[PDB]
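Notes follow once the structure below has been shown.
Missing here: one protein chain of the complex. Every other protein chain is in place.
Letters A, B and C mark the chains in the order given here, with residues in each chain numbered from 1 onward.
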Amino acid sequence: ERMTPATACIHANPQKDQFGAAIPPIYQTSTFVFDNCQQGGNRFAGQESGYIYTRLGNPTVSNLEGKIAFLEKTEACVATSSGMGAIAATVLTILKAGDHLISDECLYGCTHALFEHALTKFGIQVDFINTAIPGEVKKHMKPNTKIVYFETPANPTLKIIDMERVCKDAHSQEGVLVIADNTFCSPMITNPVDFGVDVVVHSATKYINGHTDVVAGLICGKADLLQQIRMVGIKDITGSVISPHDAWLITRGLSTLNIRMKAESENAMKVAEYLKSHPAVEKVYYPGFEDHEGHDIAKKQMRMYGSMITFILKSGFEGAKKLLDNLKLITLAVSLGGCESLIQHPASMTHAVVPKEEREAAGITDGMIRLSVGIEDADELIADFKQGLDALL
Amino acid sequence: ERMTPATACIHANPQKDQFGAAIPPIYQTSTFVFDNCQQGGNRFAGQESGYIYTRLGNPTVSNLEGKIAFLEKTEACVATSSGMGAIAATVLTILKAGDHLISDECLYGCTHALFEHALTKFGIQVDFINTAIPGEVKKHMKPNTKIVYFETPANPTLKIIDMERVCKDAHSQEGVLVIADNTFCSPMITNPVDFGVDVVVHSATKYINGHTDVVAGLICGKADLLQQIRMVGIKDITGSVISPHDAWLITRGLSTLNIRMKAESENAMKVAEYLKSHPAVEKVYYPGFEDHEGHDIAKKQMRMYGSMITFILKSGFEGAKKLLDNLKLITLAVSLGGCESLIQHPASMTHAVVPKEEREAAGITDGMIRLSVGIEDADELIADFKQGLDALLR
Amino acid sequence: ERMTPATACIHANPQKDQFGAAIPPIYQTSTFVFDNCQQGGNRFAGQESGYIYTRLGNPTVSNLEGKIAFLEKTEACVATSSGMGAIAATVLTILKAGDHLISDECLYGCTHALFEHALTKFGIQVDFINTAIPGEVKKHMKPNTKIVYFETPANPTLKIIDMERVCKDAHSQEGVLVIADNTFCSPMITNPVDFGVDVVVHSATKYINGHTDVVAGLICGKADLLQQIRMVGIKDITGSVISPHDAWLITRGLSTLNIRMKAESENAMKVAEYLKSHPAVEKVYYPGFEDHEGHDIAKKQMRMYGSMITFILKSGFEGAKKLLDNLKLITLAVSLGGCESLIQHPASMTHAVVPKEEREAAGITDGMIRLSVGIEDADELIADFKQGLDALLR
Partner (left out) sequence: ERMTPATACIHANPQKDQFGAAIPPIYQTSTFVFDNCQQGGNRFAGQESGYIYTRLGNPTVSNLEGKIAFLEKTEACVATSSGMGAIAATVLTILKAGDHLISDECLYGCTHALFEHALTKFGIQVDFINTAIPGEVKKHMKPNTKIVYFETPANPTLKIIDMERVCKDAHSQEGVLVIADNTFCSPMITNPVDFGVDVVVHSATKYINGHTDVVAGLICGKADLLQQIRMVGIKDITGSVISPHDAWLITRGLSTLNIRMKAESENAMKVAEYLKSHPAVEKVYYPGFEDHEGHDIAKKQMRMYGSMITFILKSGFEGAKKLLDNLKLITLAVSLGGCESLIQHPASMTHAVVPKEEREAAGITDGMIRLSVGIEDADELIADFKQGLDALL
């Protein structure tokens, strides 16, 4: 029986330090000494194991990578210095001028901009579609289609996508890679490779680190493709090299990932249910609600329903600013997945970079408020909302 | 009068900490709290100053950036998580499928690969020329030429390039950006903008940090272009986001940059002179040599001659391995610019990724050794080469 | 109503950062700049707030201190660079040659040594008694008695001490300080001041940091006494100055203290129950057991029963070694309170420094094993003991 996820966030990929250090040391070194020239030339040629230089690989970073690969059930993992770097190192390794990419239209704002404006200036063709509609992916495929990409639940509407149905369509022609951004679930909730996904990416800045003090990304997938991503996407094209110090903080944060995800999902269900019945609140989105579109798909793909909640007030945008400015426990900031509860307004903040018309076509409204529930006491979270919401009348 | 470089590497871009901290604290935070929504919306719309999220900006990272922009005399500076990321974020922001790039053919191995393989699969045209030769730049210019790129002294031959000349040729046509990789010199030795260069990049992993423990890059230039590089190159395309903890370490390392560069240059002159008169050595490339090509150019562009030394042994490849395997003080590893002296063999190590014929055309032979001298005692360094070299011969 | 402990370990003592940093920066600075001399002179004379020098105070260290003082319900808290430093700075500030100290005889090995050997060469009188036994405290009180000191549950037998009782006896004479080492419980399980305790110390190296990567101590109590401990115990006598980088890591670790203590206590109840019914096990000490001595006292003093479990194998010393050498998931090392489960053998390890007869008098036998349960899957933990224990027997 496979080591459980609970035990594995601490003990997968055990390290062997020469002194028996309980916590493996931090390899804050840019470079590694060769014993002789032959060894150096063998490593550079890929003929001998061992380290060379921190943009190419680092033992502290590998420690984190093997733990994550295990938790995602993939052969390998490549760590980067930001979720965007993980995304970009992946798609810029795979694609070239002439290729085609299909993406869900509801994405993190910066990923949407990368696909709409950067890839298209490098000669890559992109389609933005609703990949939650059965059959939509297959309808937009062309012979040169190389990647189908999506986020579920989506940032920030929490739209659910049936991953297995998307993979069926994408893999109905040879040579297509399906990439899922699994940031909002984390590996404790979902393992996208279960459903046919080829590559899984994360902003490790969010739940995996969980402590709001590290910006970093992760790429999980087959070893041969990830070796290409490492030697092309990381080494030359993005240069998104994580600091070994930051990787060591993420391994530290990872050790409480299982207890954090459970506590945050439990609190989120209580908070979502509270929000739903407040008279000032118009609509609440939470994957665990039975009336949430794709709830049955969500239950199939997610072990817990997450700590992300998106909601709309009956007083709209102006209502959203008043509530948000008057919260006393919940913190006003972007990002998510930390131990403290955060909240923000996607149309003027995380998704302001996406043109309104594209926002709204994807279901992102100007009234939406996006909340990431931490591990505070749930009654005190509810009480902060009550006081803030009662003031709206 | 302008704050000298010797004071500025400690005191340029002074910070204001609320507690008066002598060393400004480490902002190891991914996100920043808004006082109210209007302020957050305003910061995202570029209408109000203040911070948002570390991929977009961070106060510790800005501290290092302002210090480097001052030292390079540029309006702005963008830090990244690797010298390659600085190069990539810069050229991927500027160019688009269909553009043309001119580069010196003698570059760091990974940059040459970035240019030869990655840029060309994205529809960019690239020519590798000898920009040190009068006329080559102007002859290769095309209507879609956007960038002229070079390193001087070059990695690893230490070829000197007349920057003023290259800039006048590149800028004889409108809309061309000249980009210089100033890593081997550091801002203490050269400020390439003095010669007309538009953008200056660095692998801050080398001399600037100077302690062999951080991988990071810097981009220095005008505010307009660097604001585009930050919003496109960093934010979307590379995601080469420097760690605030590493930026703080670079700032620490930067405070001794002036005394390290001086001490390393002084050592390097002694070591280069010793290598040049050793019977096992065919050739020594050092910018300080009076005979060497580009010496008057190197002298006009460099305040010090640097601590890089490249040399070729008369016994070739096999001789290089024997010497590098028997060195006891000098450290065998890639990288450079640290306090400890480092040495390596470019054809099988840093430049093994470049096809042999491109290596050979750029003067990278297989008898070539590259050395980065640190701040050890110069006599102990020369004695390590003496025992290593004598054994080769005897 | 008071902020709950579950919220307070993240949000008590909120900081105000000038940039709105969500995670307050690391003040890794030794010294602080004065705006003018008067201000500096005023801060040194205790007449003006603000910082001076990190041995004397530091904003990152104050952040952790205010968070812990809130969690323990004390006016103040002083952080140190080790649990021993917290103990030493406290007792070396209070006592002077000629004073008398009463301590429970069952203590952490190094504290017992500090007390038995160091304090006594400095002219302090020390008696080690069983403070869990009615009357022993009052019977040993002398006119010069300054301190009554204990740990509950005790390291490593987990003996429970009725704190309210000990305090009423100690405070039946004027001028006595009761000091409780609350490391095994953490502020999430017990607030010893609720029972009349004056000073609470911790090895923050254990549960509070909770990630096995920091050595640090805390002292919690009244502002008057802690101001003396900071100006004498820390500043001159121990020089146990915590690193701001480590304090920041402790603050990070503290944010999950509530969910870790709950998860570890829940696991520990399951693991203790399994050990108790295993035929190779003679005895299991766990505060949650309904039969065990001091259970109603433990229940009144502890919100949770903790994750420490101590047990004795019927095959004694040789059996303990075999079991500890064949465990595959539980980690053999000293320390405790981390996310990973740790185990060790007190008579040859943490308490080997205490003369055998003192160990034996305090109930530390050589068949005794101490376990600190972490947050792994409870069934995997029990399966590691099952294979280890079955092999012992078979």
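Simple rule for what comes next: a residue touches a chain if its C-beta (ideal position, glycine included) is under 8 Å from a C-beta of that chain, and two chains touch if they have at least 3 such contacts.
Colleague: May I ask which residue of B:35, B:194 or B:377 touches the chain that does not appear here?
Modeller: From the options B:35, B:194 or B:377, the contact with the absent chain belongs to B:377.
Colleague: Which is it among B:212, B:238, B:243 or B:348 that touches the chain not included here?
Modeller: Once the missing chain is taken into account, the touching residue is B:212.
Colleague: Check the options C:83, C:153 or C:294 and report the residue that touches the missing chain.
Modeller: C:83
Colleague: Specify the residue from the set C:62, C:63, C:145 or C:331 that touches the hidden chain.
Modeller: Looking across C:62, C:63, C:145 or C:331, the contact with the absent chain belongs to C:331.
Colleague: Please pick, from C:3, C:129, C:232 or C:382, the residue that touches the omitted chain in the full complex.
Modeller: With C:3, C:129, C:232 or C:382 as choices, the missing chain is touched by C:232.
Colleague: At which residues does subunit C meet the chain that is not included here?
Modeller: That gives, for subunit C, the contact residues 28-38, 40-41, 44-45, 52-55, 80-89, 92, 96-97, 110, 113-114, 117-118, 121-123, 205, 209, 212-215, 217, 232, 235-243, 245-246, 320-321, 324-325, 331-335, 342, 344-345, 348-349, 352-353.
Colleague: Pick out the residues on subunit B that sit against the missing chain.
Modeller: These residues touch the chain not displayed: 3-4, 6-7, 10-11, 20, 22-23, 211-213, 252, 255-256, 258-260, 263, 329, 331, 333, 335, 338-340, 342, 374-377, 379-380.
Colleague: Over the whole complex, note the residues of subunit A touching the chain we left out.
Modeller: 17-35, 50-51, 59-60, 248
Keep in mind that, in the parts below, only the chains that are shown with their structure count from here on.
Colleague: Just give me the whole-number Å value for how far the CA centre of subunit A lies from that of subunit B.
Modeller: 33
Colleague: Could you tell me which residues belong to subunit A and also touch two or more other chains?
Modeller: Each of 212-213, 331, 333, 335, 342 in subunit A touches at least two other chains.
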